[PDB]
Amino acid sequence: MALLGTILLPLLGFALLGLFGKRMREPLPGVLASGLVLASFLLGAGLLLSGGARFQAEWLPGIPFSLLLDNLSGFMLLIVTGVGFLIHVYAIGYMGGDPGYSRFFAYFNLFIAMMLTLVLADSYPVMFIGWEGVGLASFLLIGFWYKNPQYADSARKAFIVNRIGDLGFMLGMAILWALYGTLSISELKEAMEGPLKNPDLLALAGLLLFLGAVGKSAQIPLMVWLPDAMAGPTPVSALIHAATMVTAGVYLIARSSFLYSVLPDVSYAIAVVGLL
Amino acid sequence: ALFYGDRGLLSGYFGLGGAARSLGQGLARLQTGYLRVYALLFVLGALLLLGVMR
Amino acid sequence: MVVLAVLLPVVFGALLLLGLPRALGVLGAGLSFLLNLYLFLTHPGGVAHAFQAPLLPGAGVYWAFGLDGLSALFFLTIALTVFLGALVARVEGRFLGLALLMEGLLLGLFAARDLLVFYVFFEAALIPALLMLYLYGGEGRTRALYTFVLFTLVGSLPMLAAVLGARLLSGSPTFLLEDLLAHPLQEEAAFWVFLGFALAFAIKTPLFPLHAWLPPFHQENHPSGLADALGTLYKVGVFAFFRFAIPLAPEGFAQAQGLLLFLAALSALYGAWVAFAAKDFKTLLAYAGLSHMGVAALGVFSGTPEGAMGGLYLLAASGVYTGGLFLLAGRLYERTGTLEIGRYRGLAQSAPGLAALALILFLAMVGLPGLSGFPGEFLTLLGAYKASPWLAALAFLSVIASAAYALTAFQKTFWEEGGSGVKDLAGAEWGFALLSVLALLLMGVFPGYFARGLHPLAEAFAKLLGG
Amino acid sequence: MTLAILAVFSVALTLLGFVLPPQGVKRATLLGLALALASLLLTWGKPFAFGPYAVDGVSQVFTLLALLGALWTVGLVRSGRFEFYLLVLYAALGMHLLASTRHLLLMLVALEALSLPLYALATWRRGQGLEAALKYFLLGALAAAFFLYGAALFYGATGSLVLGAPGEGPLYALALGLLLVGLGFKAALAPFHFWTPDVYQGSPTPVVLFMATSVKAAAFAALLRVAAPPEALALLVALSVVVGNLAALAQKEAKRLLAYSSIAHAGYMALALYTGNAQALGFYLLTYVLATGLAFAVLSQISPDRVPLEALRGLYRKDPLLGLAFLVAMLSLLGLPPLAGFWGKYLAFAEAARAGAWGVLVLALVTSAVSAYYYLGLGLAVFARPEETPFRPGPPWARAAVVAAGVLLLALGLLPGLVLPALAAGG
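Protein chains in written order, with the numbering used here: chain P, 18 to 293; chain W, 84 to 137; chain C, 375 to 841; chain Z, 66 to 492.
Quick caveat, the hints were computed from the structure, so don't treat them as lab data. Check the hints yourself; a few may be wrong.
Stated by the list, open to error - Below, simulated DSS-like cross-link-like pairs (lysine-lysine); rule was C-alpha separation at most 27 Å, straight line:
#: 1; chain 1: P; residue 1: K39; chain 2: C; residue 2: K797
#: 2; chain 1: P; residue 1: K164; chain 2: C; residue 2: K797
#: 3; chain 1: C; residue 1: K653; chain 2: P; residue 2: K164
#: 4; chain 1: C; residue 1: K786; chain 2: P; residue 2: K174
#: 5; chain 1: P; residue 1: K164; chain 2: P; residue 2: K174
#: 6; chain 1: C; residue 1: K797; chain 2: P; residue 2: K214
#: 7; chain 1: C; residue 1: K837; chain 2: P; residue 2: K214
#: 8; chain 1: P; residue 1: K206; chain 2: C; residue 2: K760
#: 9; chain 1: C; residue 1: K797; chain 2: P; residue 2: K174
#: 10; chain 1: P; residue 1: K164; chain 2: C; residue 2: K837
#: 11; chain 1: C; residue 1: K797; chain 2: C; residue 2: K786
#: 12; chain 1: P; residue 1: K39; chain 2: C; residue 2: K786
What the hints assert, rightly or not - Just so you have them, the derived chain C footprint on chain Z, three or more residues with Cβ under 8 Å:
#: 13; stretch: 70-82
#: 14; stretch: 107-118
#: 15; stretch: 396-402
Said to hold, decoys possible - Far from chain Z, by Cβ distances over 10 Å, these chain W residues were calculated:
#: 16; residue: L85
#: 17; residue: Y87
#: 18; residue: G91
#: 19; residue: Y96
#: 20; residue: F125
By construction, the Cβ of each residue, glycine as well, lies at the ideal position given by its N, Cα and C atoms.
Between the sequences and the hints, there should be enough to build the whole structure, so can you do that?
Right under this line is the structure:
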């Protein structure tokens with residue numbers, strides 16, 4: 018329950034700054050956002066220092082709600098929380114005289130909570146939840162200044178490519194559900210060891226997972242959507258290109274290393290695409 | 084193109100309904116009002132019935 | 375018991391129709407909502423509120439009702455959606471009584487525990503549709519009315535021969551679903567019965583070749599879209615498929631499974647694709663509803679209880695948020711006067727939370743995780759991939775077009791250059807949007823709580839296709 | 066002991082019209098019909114037969130319906146010719162005798178006795194009335210000649226002129242066909258349907274009411290005694306319903322369209338003949354009589370000579386209750402829930418499926434779905450913009466009659482298990 022607070026803080030923050038939002042002074046939304054990010058960095062460092070964390074809640078039959086905090090997840094968590102606190106301060110300074118301050122920092126809080134939902138996941142559907150939440154927050158922030166139509170179609174293209182990647186993700190997950198029936202990365206790893214079965218289907222699922230990763234991290238051919246993210250403010254572009262929404266492409270492969278390692282050809286293809 | 088095709092499919096449904104009305108007025112044309120016509124068609128239908136009974 | 379909640383919207387709609395005032399509909403829909411929620415809680419099982427009364431002893435007709443896991447949450451969904459449409463309506467033509475009557479009719483339709491009462495409600499649901507269509511709006515009202523009504527009736531009337539064959543050829547003494555399920559139909563006889571069922575249920579699903587009645591229906595209703603919301607609730611086809619069509623004649627469904635899955639896939643794709651080409655809100659929302667019905671029918675037809683539970687959950691939730699979008703388009707009409715997508719761009723700056731409401735609704739439409747659409751969408755994907763991967767993959771070249779059309783409409787309606795300026799929100803619309811977002815979040819983030827009654831029916835009727 | 070009441074009233078009135086004004090004669094006819102109806106009801110569950118006259122549930126129900134139709138059509142007839150009432154009485158008595166015997170020859174005498182006064186009542190002297198009367202009389206005498214040769218070949222296949230005999234092969238089938246010709250003509254079944262549109266269009270509207278209710282009722286009452294083979298029944302149903310609905314699609318006038326619709330409805334009623342249930346058919350005809358008498362009472366309030374479809378429009382604004390009852394009638398004849406037409410239609414289709422005729426039933430259902438086009442184009446026209454049209458908003462007489470008809474239709478549609486328990490011997 019305590020681990021869920023890391024996500025819940027920049028959700029209550031988002032709700033305050035979105036619903037009421039403009040009932041506050043100008044710095045206060047950024048203040049609340051950066052304070053929640055800091056007290057989430059703190060609670061993540063404290064939970065990791067306690068050895069690790071696990072959380073499981075009731076969900077769809079066969080697909081429960083599983084959060085796992087280990088070294089690999091805590092790495093991304095600390096990175097995102099720290100850089101997010103820094104960029105939140107840089108936005109408090111950088112955002113000035115433009116309306117939507119509260120809305121802007123609510124988008125920030127939502128982005129942070131969704132990225133946390135992504136990294137803290139023992140089940141792939143929770144990873145997909147984080148995927149689509151980050152995509153939505155990106156669509157929103159890229160089109161922050163809505164009064165210009167030009168900086169709307171950029172986020173349109175971004176979310177469309179994102180949903181192509183998400184469809185590949187969904188199909189790979191349906192594959193690794195028809196085969197095994199677990200879809201929880203813990204038991205998925207404990208079940209993928211030993212006598213692999215139908216290696217063609219496994220390589221296909223991994224290839225679709227890599228397709229989703231390409232759209233998320235803007236690899237070839239889906240490269241083109243990333244430059245248009247210039248439409249959004251500079252701190253938005255920073256958070257999108259450095260700490261989040263692209264690093265998830267690498268994190269998916271890091272967690273699915275057990276799958277990609279028994280796929281030599283798929284991994285060689287990943288290397289070729291990375292070089293290109 | 085799929086929008087135009089959907090419009091065309093609805094047009095084909097329309098054509099089905101129009102075929103129904105045209106068939107209807109061809110059958111309503113059967114009654115002209117000349118009593119000889121009604122008597123002939125009556126006896127014709129009755130003979131068809133009597134043949135069917137076997 | 376069940377009959378009380380089934381009849382409450384009927385009697386309230388009567389008291390609004392002949393009696394006064396409009397306000398009676400708001401409080402009536404609220405009482406219905408509370409009663410349907412109370413029935414949704416403490417639900418032990420199917421027999422929860424069982425009702426059995428004789429009507430035609432000799433012919434075999436009985437009022438037969440009961441709350442299955444399906445009947446409970448569909449009662450709750452209908453009550454909620456119609457209450458929202460009752461407060462926000464702004465039609466105020468004094469015909470919200472017709473909306474409550476249709477609500478009660480759909481309730482009796484879902485709660486039917488015997489075949490003939492289900493058939494009776496299926497045929498009765500036609501009258502209010504043509505009524506609120508004809509005298510309460512639309513330029514091509516007569517032609518769209520004839521099209522929709524004739525399609526439904528050409529499907530429905532042969533289904534009477536189908537049900538008469540299903541009862542008589544099985545030697546079932548009654549029309550009770552219990553008894554009828556107790557006596558199976560034979561090969562090349564369940565074939566014809568299922569064919570007569572599949573026509574009437576596909577033309578109302580709707581599937582691809584039989585959807586031509588949907589856009590004209592949605593265009594010429596009252597511009598507020600209350601009639602449109604209730605017609606979207608009138609896509610009960612899938613339900614009748616899962617409970618009645620397949621279990622009563624799986625022998626024909628054996629040959630028809632691939633065909634129906636293909637139809638569902640192409641229908642979903644076609645709807646979500648054409649919705650991009652839509653130049654008005656009614657066309658877009660009609661094609662979107664077609665896509666969602668294709669997805670639901672796919673999930674049910676795939677066997678694979680995953681797919682079936684997904685299809686039903688997606689059906690209920692899609693009814694909810696599509697009715698919400700319809701009412702929203704109607705309110706934006708009443709404050710503006712047009713449903714065109716190109717015009718009236720500046721909305722977002724003038725509409726503070728109406729933008730957020732429309733956004734939440736479109737997100738639930740495209741099936742965003744955390745909102746109501748994604749559980750059904752993904753469970754249906756899993757079940758379909760279990761059944762046939764190819765049609766599931768093709769069918770899910772839909773989320774792409776979903777995002778495309780939804781984002782295009784949202785952007786060019788709200789985001790772009792400021793226009794004249796538009797009213798912010800009405801007082802009733804405040805509760806409308808609040809409750810909309812509440813229900814959407816609760817059904818999307820907590821799909822565990824809802825649909826628990828759907829799992830037993832799903833796995834049982836899916837294993838039924840086996841030995 | 067109801068037929069005695071009818072005979073006494075008719076024979077006494079025949080002379081009393083010389084001393085009584087036609088209005089007093091009208092009051093007398095109305096009293097006689099109400100007394101006969103009450104005597105029928107007090108005998109409910111008391112079958113009574115003296116000679117070839119035999120009263121069962123069929124006689125009881127169908128004569129009740131015929132008496133209802135006669136009362137309703139007499140209410141509107143206000144001409145100062147007491148003969149214009151006497152004839153009505155005859156038809157009732159005549160139709161009574163038609164449903165009250167199995168004797169084929171007494172069946173012929175009853176048919177002639179109920180039909181002849183209709184020929185004379187159809188004379189408002191409008192030039193179309195003459196043409197209608199001529200077609201009617203000639204085709205009816207042709208059908209009577211066919212029916213008589215059929216009764217003769219029946220006597221040839223069996224020593225008695227009473228139905229139910231064992232029956233031979235080709236000769237019995239042939240006699241059955243020669244009877245079915247006349248009986249379907251009287252019931253307006255195709256391909257004997259030609260006379261019905263012209264006659265309904267030409268005759269004065271209230272007379273068309275009386276016809277389209279009581280004549281069809283008694284015709285099916287007589288059909289129920291016949292053991293019509295399934296092939297003949299299927300052909301009649303197919304042709305009748307198809308032509309009925311299709312030719313009704315092309316109709317521009319309300320009365321002709323309604324005549325073709327009644328051809329289609331006789332086609333539907335011809336399903337209960339599969340089993341001769343006499344419960345399904347009794348229920349169907351109850352609902353049909355009520356709805357059609359209602360519709361034609363409204364049309365008579367509009368115009369006796371001829372009523373186009375546009376005249377129906379704006380009726381709700383003109384008279385709300387009238388438009389509502391007309392909508393009820395159009396839907397009940399469409400056989401749509403929760404109206405009793407659905408229950409009558411279902412009972413006929415259940416009899417048909419129990420007999421095992423499937424494709425015929427499917428074709429009937431498709432034609433009934435096609436019928437919805439004009440059924441709605443009539444029912445929904447009530448709400449349209451009122452165009453130029455004569456409108457006579459009736460006396461309280463016809464208003465109350467129409468209201469009672471619609472109320473009974475909806476009441477028995479919503480809870481059919483009220484009277485349907487007593488359509489057999491009458492518990």
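Item to complete: Quickly compare the C-alpha distance for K786/C and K174/P to 27 Å and report which way the hint goes.
Response: holds (14 Å)
Item to complete: Find the nearest Cβ of chain Z to the Cβ of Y96/W and say whether that gap is larger than 10 Å.
Response: Consistent with the label, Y96/W stays out of reach of chain Z, its closest Cβ about 13 Å off (over 10 Å).
Fill in: Restraint check for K164/P with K797/C, where alpha carbons must lie at most 27 Å apart
holds (18 Å)
Fill in: Restraint status (C-alpha distance of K653/C to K164/P at most 27 Å)
Cα-Cα ~22 Å, so holds.
Item to complete: Closer than 8 Å, Cβ to Cβ, for at least three residues: run that test on the stretch 107-118 of chain Z against chain C and report holds or violated.
Response: Three-residue rule not met by the stretch 107-118 of chain Z, so violated; n is 0.
Discussion item. When I compare C-beta atoms, does the stretch 396-402 of chain Z have three or more residues closer than 8 Å to chain C?
Written reply: Answer holds; 3 residues pass the 8 Å Cβ test.
Practice prompt. Sort out whether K786/C lies within 27 Å of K797/C, counting only the CA atoms.
Written response: Holds. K797/C to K786/C sits at ~18 Å (cutoff 27 Å).
Fill in: Straight-line alpha-carbon gap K164/P to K837/C, limit 27 Å
Violated, because 55 Å separates the two Cα atoms, which is more than 27 Å.
Worksheet item: Is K206/P within 27 Å of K760/C, Cα to Cα?
Response: holds (22 Å)
Discussion item. How does the stretch 70-82 of chain Z fare against chain C when you require at least three residues with a CB closer than 8 Å, holds or violated?
Written reply: Result for this restraint: violated, n = 0.
Worksheet item: Does the claim that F125/W lies off the interface hold, with its Cβ farther than 10 Å from every Cβ of chain Z?
Response: Label violated. Min Cβ-Cβ 6 Å, cutoff 10 Å.
Item to complete: Measure nothing beyond the straight line between the CA atoms of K797/C and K214/P; if it is 27 Å or shorter, mark the hint as holding.
Response: violated (61 Å)
When each numbered hint is compared with the structure, violations occur for hints 6, 9, 10, 13, 14 and 20.
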